[PDB]
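Let's start with one chain on its own, the form solved without the partner chain, as structure tokens.
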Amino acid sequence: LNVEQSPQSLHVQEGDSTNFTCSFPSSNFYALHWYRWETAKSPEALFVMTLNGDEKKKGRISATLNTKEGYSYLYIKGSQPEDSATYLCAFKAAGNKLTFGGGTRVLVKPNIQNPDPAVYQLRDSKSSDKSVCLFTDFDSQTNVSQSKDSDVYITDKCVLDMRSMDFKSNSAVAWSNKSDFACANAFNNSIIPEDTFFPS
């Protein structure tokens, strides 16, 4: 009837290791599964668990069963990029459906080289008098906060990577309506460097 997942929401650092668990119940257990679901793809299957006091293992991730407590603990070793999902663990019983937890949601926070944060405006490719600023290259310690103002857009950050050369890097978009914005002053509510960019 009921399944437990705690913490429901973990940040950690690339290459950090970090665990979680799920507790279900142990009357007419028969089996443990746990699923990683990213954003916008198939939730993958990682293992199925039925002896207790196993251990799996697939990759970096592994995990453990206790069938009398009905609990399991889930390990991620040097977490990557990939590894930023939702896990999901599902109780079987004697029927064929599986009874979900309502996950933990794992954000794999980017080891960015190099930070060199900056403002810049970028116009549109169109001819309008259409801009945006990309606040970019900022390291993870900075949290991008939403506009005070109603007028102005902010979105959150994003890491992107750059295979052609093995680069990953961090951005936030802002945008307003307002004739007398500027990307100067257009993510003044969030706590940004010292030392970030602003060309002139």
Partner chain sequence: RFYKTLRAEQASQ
Contents of the next structure:
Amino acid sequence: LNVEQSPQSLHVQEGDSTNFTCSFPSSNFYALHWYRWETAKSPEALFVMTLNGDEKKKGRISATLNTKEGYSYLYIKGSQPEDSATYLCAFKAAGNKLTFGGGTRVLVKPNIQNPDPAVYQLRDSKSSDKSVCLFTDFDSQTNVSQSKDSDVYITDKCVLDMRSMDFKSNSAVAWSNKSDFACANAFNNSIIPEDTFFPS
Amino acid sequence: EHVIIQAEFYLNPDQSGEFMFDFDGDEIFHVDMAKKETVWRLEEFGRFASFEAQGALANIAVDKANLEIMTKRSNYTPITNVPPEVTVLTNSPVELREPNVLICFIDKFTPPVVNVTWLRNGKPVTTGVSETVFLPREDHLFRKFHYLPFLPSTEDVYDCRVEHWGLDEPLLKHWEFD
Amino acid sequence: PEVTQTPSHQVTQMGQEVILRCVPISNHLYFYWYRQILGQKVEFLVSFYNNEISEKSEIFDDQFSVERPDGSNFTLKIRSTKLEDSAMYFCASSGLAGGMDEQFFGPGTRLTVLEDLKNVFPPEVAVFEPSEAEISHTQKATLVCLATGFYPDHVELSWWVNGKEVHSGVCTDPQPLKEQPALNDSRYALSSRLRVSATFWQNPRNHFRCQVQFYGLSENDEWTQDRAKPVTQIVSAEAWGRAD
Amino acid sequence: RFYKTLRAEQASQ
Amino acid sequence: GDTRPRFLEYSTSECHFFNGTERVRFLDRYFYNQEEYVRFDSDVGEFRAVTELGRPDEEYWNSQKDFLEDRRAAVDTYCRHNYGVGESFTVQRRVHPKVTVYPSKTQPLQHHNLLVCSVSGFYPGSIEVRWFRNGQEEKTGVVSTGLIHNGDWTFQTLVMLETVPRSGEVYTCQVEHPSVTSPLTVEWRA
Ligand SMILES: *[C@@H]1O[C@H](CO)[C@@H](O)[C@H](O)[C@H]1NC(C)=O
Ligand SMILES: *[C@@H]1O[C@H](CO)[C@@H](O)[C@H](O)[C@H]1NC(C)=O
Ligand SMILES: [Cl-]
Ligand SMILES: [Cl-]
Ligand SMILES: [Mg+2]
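Got the form solved without the partner chain; any chance of the form deposited with the partner chain bound too?
Complete assembly follows, chain above in first position.
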């Protein structure tokens, strides 16, 4: 009938541990499933728990089952960026249908080494159509606040990894179709560090 | 010492299936394949316990599939009919005018298909009539009970007509007051 | 050993019939359909086993239908679409008839149900070349791709370098932003960045391409406006290596 | 409480 | 009647309880046309073909670790669980036997007749019925029908005694049953 997951969302710094809970009926229990659901991927099963008191491990992910109390705990030790997904738990009664929880959306914040925060202006697509500002190389602690002005568009932070180089970086983009819009004023509502490089 | 049995079957070409729970030779419940609901043997059991009919329907589906696979596997070997023993008895010792129940016990038969009718002075009766489903046995043959509430009389004769494929003609079990 | 679902996304008019096709795992015994409305829980619709419906949702039957035409395909039919039918449709299958195993999910079909197809627009795609300052300061080159004015939501952005798809040095917004956030029929915008070494960007024998797959109007859909029919299409922008 | 069914499996083919 | 061949697929899942739930033996048995072909015994721990018909299932079901594990856990998750679910109205069901004592025939004194002791509508099945001539137990001339199941969570028994009664005789029938603290006694005299 009803399955609840707590918390709905979760932030965790790379290397740190986290856990979250699942609550299911304490009656007509057959199985409890945990599924990992990455952004554009398909939900992939992590565990199928059937025995009360059993603990299952799939590397850095652990799951516990308490049938009498009607709860399950999912544990992520030494969280890695690849662990960022929605974790769904599903309860199985006598039939085959799964009753799902609302999930726990996990965001693993990556460790940023060598932070050189800066705001650049890219050369407009032929020509000009729009002006594009790129806020790059900032630390994970810097939060990218929304546009504030309706004519300007600002996207949330995004981590890019140059796998070969072992280099990770944050970035957010600002754009507007004319005219007063510039780099220095682009990210006003966001907490810009004083060290932020501006080329003139 | 106690025994709990989950008995399930599927029969072809009749397309008849059954799912029941047995406690020490007595039925707890069964699943009605038409209504797809749990039928408790005594109403009170439904107040003290629960069952998801679906688990039974999922098992019947599998037994149905397994029957198709076992038929082919056996090279279409049919079942040998074992005719039943029929006994007619009463709920309590009989006394003229005080209400009683005629119990018709059908036993030691296979396949579990039986046509059972109650006759009063040769004519059929359906008033207050109840039956059980096919009950299990250690020898894997079946049991069945039919009930007729009646008022004992000297003017009335009763019969239980049983039809099984293992019987040459229909078996009749007589009862009258003595 | 995976479940496949076609198409990735689908746009349909309110009241029309839709057929979500699926390919379960070959030797699997049980097949399922689940759906998830945005911000809601993944919900069960129907299960199927040995050519028959096992369990069905209280909504299903009055609206939906399933079919198993051959030993490879499984389909879901929505008789008449409603605005509330806008969801991600998951197909699943499991191996055991006993149910004591995991259900394997398909990648899902994103179904968008619209009152009218008039507001459907493909994206405009533009590439912004890396800042010379960024090159001079970090010896790195960030290209920026913008996909703007598309409706409805959900496009697939990809980066191609010298004809090969690249995933390294790339990051795209997980969710798009609204252009006119007040409006409910508001068009969307999505951005992405590709970062390479200044050496790599400076080599003029290096081609950079940004592709946006849009899911729009179908083959048999009605189109009466003067503008090009906003069909399913790939919109792209490019950039070449500058020695500078 | 609930009476639990022991779930059946499909036979070998 | 109808002469078409019949095909029967039957299955039993048995839970045998010893000393409450201290010892449990579990059996999942498969029958095709009365013939048991394959089974899982908790004391064996795996599926074993009973006949050649069971052979493919034995190797297939033992190769299905999720299904085989469900069976290895059945003694708890299934047997003991189900035992506890109904324990109060099942193992603890106690129904009072109704006792009647009557002669079968209207036969005169100093000649033979059958003294009937009817014990009816009781639960559980276990019952001890004893006949007493004149305070002393009669072990001989006792004709029992045995335990009769009414198929509705009640039992009955007719325990008859061969009697050539005298004018002073006082026949007494004793009923020992789990649902009774004080043993029931019904008496008949000539
Ligand atoms: C199987 O059934 C057919 C037809 O009745 C017959 O030809 C054959 O002898 C039977 N036995 C075997 C082992 O196939
Ligand atoms: C029971 O009744 C129906 C209809 O008369 C019949 O088709 C069937 O064969 C009978 N079953 C027996 C005699 O077992
Ligand atoms: Cl597992
Ligand atoms: Cl119930
Ligand atoms: Mg329960």
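Throughout, rigid core stands for the largest set of C-alpha atoms superposing within 1.5 Å between the two forms. Positions refer to the first chain, counted from 1.
Of the residues checked (143, 28, 50, 131), the rigid-core alignment between the two forms shows a Cα shift of at least 2 Å for 131 alone.
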